[PDB]
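In the block that follows, a single chain appears as structure tokens, in the form deposited in one PDB entry.
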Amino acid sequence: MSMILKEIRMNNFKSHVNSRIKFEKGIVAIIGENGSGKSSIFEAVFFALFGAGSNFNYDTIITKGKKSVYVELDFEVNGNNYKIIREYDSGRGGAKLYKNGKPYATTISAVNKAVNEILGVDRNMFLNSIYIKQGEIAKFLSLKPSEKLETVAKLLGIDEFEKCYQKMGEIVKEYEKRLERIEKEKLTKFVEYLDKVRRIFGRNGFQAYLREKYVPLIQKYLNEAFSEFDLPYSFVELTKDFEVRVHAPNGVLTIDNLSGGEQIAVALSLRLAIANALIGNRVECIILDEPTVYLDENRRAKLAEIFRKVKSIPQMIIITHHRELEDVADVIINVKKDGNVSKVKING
């Protein structure tokens, strides 16, 4: 479900022609001027995990200099130590996966089947459960009440149209028109369980469901976040429409009714509660990219002190170009670009 990033190592990956980075538990701050190669680090981490896509343009990741790339990630998931190695050289691609120090998967395909079964989530759901994009917090606070519920709906992925069963129940149907031309009955038994299923959703019931699965969860965590962040509100409600209702002393309040500082806390609390909800577990690692961008000096300070109260999450990686945030991290990874080649250094 949720992992711990241990060590990434890249070769000819975009700006990083040769970089090795070790991550620690606690708060990790990847600090470096804009364009220095920070986001590529995690680009490499994600590429290591799900490799290239179908018909993927390998020029995007390979440092323009040559035609060869190699990334090695050491992560741990639910008590196990994994080492994923993904590489590509001149049209030749490969992938290997190790579990507790022994080979587990040796082929690009088997490595994927294994990775997918280790996380228990797909590429996108996993990405939303661990990576918080630049400006999310500021943008959330900018949206109008009705838009806030919108973004929550998105993060959860409510856009689901199981019409795929069309091709599904059919391509796996005709398979029997070749069984009727003078045992294989099982192939019917499941074509039914396909209808019995597609027959209970209708394309519009799948949403009514998700609101049932997530909302409960999100509200649970949102409340825990509140205690961790010391917000003065015993109960936080989350309507089935994703509206945040803070039960204050004199009556329910909406994020918009709160002070700048408290709004930051709630927004962070919500985005975290959602990440936990996507994986149905308390996240082990969360990566925030330039989370204080678009925030005035006041709200930056607030988030800074809130970061300091984050102890419920084992590993929190904050990427920034603001060096003041250095006073919040337990570890500091400086990144400097040297005329096209990134350099990483763990000091400060």
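Between two forms, the rigid core is defined as the largest C-alpha subset superposing within 1.5 Å. Numbering follows the first chain given and starts at 1. Compared with the form deposited in another entry:
- Only 274, out of 130, 71, 274, 95, shows a C-alpha shift of 2 Å or more between these two forms on alignment of the rigid core.
- Relative to the superposed rigid core, the position of the CA of residue 83 differs between these two forms by less than 2 Å.
- The Cα position of residue 285 differs by less than 2 Å between these two forms after fitting on the rigid core.
- Fitting the two forms on the rigid core leaves the C-alpha of residue 155 displaced by at least 2 angstroms between these two forms.
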Given for the second form:
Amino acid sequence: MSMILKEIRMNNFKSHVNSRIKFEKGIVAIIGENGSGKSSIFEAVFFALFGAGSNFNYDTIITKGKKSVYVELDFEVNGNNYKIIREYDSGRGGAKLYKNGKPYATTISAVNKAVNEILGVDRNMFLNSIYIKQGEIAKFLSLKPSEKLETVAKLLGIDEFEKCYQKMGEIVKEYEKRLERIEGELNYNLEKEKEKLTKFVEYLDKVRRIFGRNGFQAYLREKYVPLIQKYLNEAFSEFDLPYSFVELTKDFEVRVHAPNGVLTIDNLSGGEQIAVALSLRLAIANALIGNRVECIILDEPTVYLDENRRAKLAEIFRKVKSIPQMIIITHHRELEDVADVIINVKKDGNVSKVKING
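Show the form deposited in another entry, please, the one above being the form deposited in one PDB entry.
This part shows the chain on its own.
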């Protein structure tokens, strides 16, 4: 995930009748009053990557007076320049996806199909990794045990080995039919060459088992835990919290060590939960500091944190060099003073207006 956004344009999308917003590399801070169009900008980006669902109603995203919606999105990933365009005129919708000038997909489903393979992330797992909504900062922590390690695989980069393991089943099976061409006929010296291909297909399965879940994925994930646990403590201690050290199990369940006992995230306060969820998400980023240079989007993370913890969190974000571009929404001033680019958003007549500052 060498993910980075460039710019977005949006017409009649919720409160934004028309707005073009430029993104920059670094700590981009979007500030405004409540209901001023802050969260509405990221609902538009999510709309560009993944079309409207039943959960993403058009009547919900159309400007209540208007009857159409248009949005185009520029971004880079692994070096290529992409351009997604989505519209809904008067009942019909269309979508275009350009790759370095020339188009790549021309239908809505074709764009959705193209997005999920370029990102390697689907609609649902995109909300647990890149786009973290309000209060759902700890949602990644409390996920189901299967879902927790499922979204961890994408967060650590291991999920690309599962793409080989499934493409190996295509490879193993096809070399098996070249063996069926001898096996399906050897019934009803150079016999040694018959055994040369049989021992060769058997080799592929044990190679498929290497890329498998229990093979190298678990092995690499097991070797990743102490590193994340080290970075988790480095960032969590910045909150000057009174706890010995934060233990991270291999199942990515978090345990906090108190002096006279051991506590879990259930017992931790609303703010202490956020203190762990952020520092863990940064520990994952700091773990693969150069392997997976992913961008991060946050919607009001300093909520539930007191005056001091909001301040300390800013100094944490400033020393973070592992994430190239992290866009943060806040109604708090503790993050204006640490950002490089501050995007101010106000509202006039139910219509939002964007003012970019360099």
